[PDB]
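Each chain is listed here by its residues.
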Amino acid sequence: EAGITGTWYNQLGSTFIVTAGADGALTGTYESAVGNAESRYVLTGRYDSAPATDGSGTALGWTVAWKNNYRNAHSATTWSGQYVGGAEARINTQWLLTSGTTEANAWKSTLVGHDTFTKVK
Amino acid sequence: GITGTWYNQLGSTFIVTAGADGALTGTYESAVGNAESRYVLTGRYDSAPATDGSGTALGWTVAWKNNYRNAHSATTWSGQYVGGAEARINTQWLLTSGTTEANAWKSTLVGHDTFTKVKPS
Amino acid sequence: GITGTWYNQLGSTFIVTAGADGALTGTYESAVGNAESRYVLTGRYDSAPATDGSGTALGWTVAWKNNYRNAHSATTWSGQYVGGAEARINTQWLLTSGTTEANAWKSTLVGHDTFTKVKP
Amino acid sequence: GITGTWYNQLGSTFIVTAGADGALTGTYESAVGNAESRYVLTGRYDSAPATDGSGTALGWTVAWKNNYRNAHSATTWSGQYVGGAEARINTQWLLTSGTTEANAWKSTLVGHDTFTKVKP
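Here the protein sequences come in this chain order: B, A, D and C.
In this text, residue positions in the first sequence follow the authors' numbering: the first is 14, and each later residue adds one.
In this text, residue positions in the second sequence follow the authors' numbering: the first is 16, and each later residue adds one.
In this text, residue positions in the third sequence follow the authors' numbering: the first is 16, and each later residue adds one.
In this text, residue positions in the fourth sequence follow the authors' numbering: the first is 16, and each later residue adds one.
Chain B extracted, bound-state conformation:
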């Protein structure tokens, strides 16, 4: 059991639902606490499907481009992190958010931050 498939929450009011395939694929959706369709976006990613057995976390990453049928922010976020299992399972990530810019504004195109996701809201 990879423990990754299911619904995950951050503390800022966001939810994502992911399926972890046997081949290393991550597929799902990223949405708001609200759950309205205008706030739901496609996500795709990859994870290590044969992690080490010594207590290390499971490395993974995924991308959301912030376009759906209703809105387009001309940007994309990537999260890079690891899953840590157990009774208090969590995904610890750092992320990069890049917006489309002109070349003169490219120096300010990319934000960086961190997010932790848990199975309980």
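Honestly, the hints are just simulated from the structure, not real lab data.
Check the hints yourself; a few may be wrong.
Straight-line C-alpha distance at most 30 Å; calculated DSBU-like pairs for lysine-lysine [as the list claims (entries may be wrong)]: (1) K121(B) x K132(A); (2) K134(B) x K121(A); (3) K134(D) x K132(B); (4) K121(A) x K121(B); (5) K132(A) x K134(C); (6) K134(C) x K121(D); (7) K121(B) x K132(C); (8) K132(B) x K121(A); (9) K121(C) x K121(A); (10) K134(C) x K134(A); (11) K134(A) x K121(B); (12) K132(D) x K134(B); (13) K121(D) x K132(A); (14) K134(C) x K121(B); (15) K132(D) x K121(A); (16) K134(A) x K132(C).
One side only, chain C facing chain D, incomplete, derived with CB under 7 Å [said to hold, decoys possible]: (17) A63; (18) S88; (19) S93.
The beta carbon of each residue, even a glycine, is placed where N, CA and C say it ideally should be.
Keeping the supplied structure of chain B fixed, place chains A, D and C upon it in accordance with the hints.
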């Protein structure tokens, strides 16, 4: 356009297809690190970019497991495609390795890659 | 309110004085509190922040050399001080190690630290 | 090899003195012909680097306030100096702006710059 074969400054090879739905699919071969042969990638891009001269936002993930090796890590690239006489994809990236909790502070490398359609070998 | 003793989530200790000009000076060490683990730090902060509830931007550097050890590396922290009932400094950091040219792609780690005036 | 004037490709200049105690001190000029574009910088470097071809680790901070302007932000650069006939300082940087708590998630930009001893 984004579909094609790209090379970064280290000689790594990025073969990608951009789908009409915003999907990126393809393979990645790294010239550096604990890696051999090709790895699956998946990602997303803005399929309706702004018309004001801004670049096209995108991102993708590779988990560093294939049939030959497993590095227990994953890299995400976040960036934009800039069309023109010499098209380029400018990225920043995060590489996370699976670690124990005591080593999680040193789990994540950061860097930047530039891709072009001409090999700078 | 920046001047004083601060601790991060891992037990390291940050002793800093903020000057009227914008200067940060002090020492950075581990929880063990031995002399071998203490390093000089220098940095800068916004000495006239906005009055709309925003934090105070700041940053500082430690090179990991002292009279006992040299790791051939340096960390910079970039963040903001948030005043109030529970004072906090929220940061992200970059640690760069000296490398050969062929290894420069793996020279730099990134992470985040939260400091408070009370030990974790 | 660090002391002197360095240029990036975007039109900035900085002049730095590397002290024997590991200090970096100097001025950062964001625009070529503007005196209201000069800011204090302070940092640290490895004063005893390896002699095997590795670079020299360093970092520094500018807070974007002077006697004329205040952007309520600060940048830290973390990187290494590489010597030789075409000397360079290769960095990654973090820029944090003071925000309210509700906007702290978008407080920090990340990027990279390369400095050389000759103008681009």
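Are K134(C) and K121(D) close enough, with their CA atoms no more than 30 Å apart?
holds (28 Å)
Satisfaction of hint between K121(A) and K132(B), Cα-Cα up to 30 Å:
Distance ~25 Å between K132(B) and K121(A) Cα, so the pair holds.
Check the hint pairing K132(D) with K134(B) against an upper bound of 30 Å on the C-alpha distance.
OK: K132(D) and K134(B) at ~29 Å, within 30 Å.
Agreement of hint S88(C) with chain D interface, Cβ distance less than 7 Å
holds (5 Å)
Interface hint compliance - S93(C) to chain D, C-beta minimum distance less than 7 Å:
holds (4 Å)
Holds or violated: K134(C) and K134(A), Cα atoms, limit 30 Å.
holds (27 Å)
Within 30 Å, alpha carbon to alpha carbon, are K121(A) and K121(B)?
holds (26 Å)
Does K121(B) pair with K132(A) here, judged by a C-alpha cut-off of 30 Å?
holds (25 Å)
Regarding the pair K132(A) and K134(C), is the alpha-carbon distance no greater than 30 Å?
The given pair, whose Cα atoms are some 29 Å apart, holds under the 30 Å limit.
Holds or violated: is there a CB of chain D closer than 7 Å to the CB of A63(C)?
holds (6 Å)
Within 30 Å, alpha carbon to alpha carbon, are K134(A) and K121(B)?
holds (28 Å)
Is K134(C) within 30 Å of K121(B), Cα to Cα?
holds (23 Å)
Every hint, counting from the list given before, is met by this structure.
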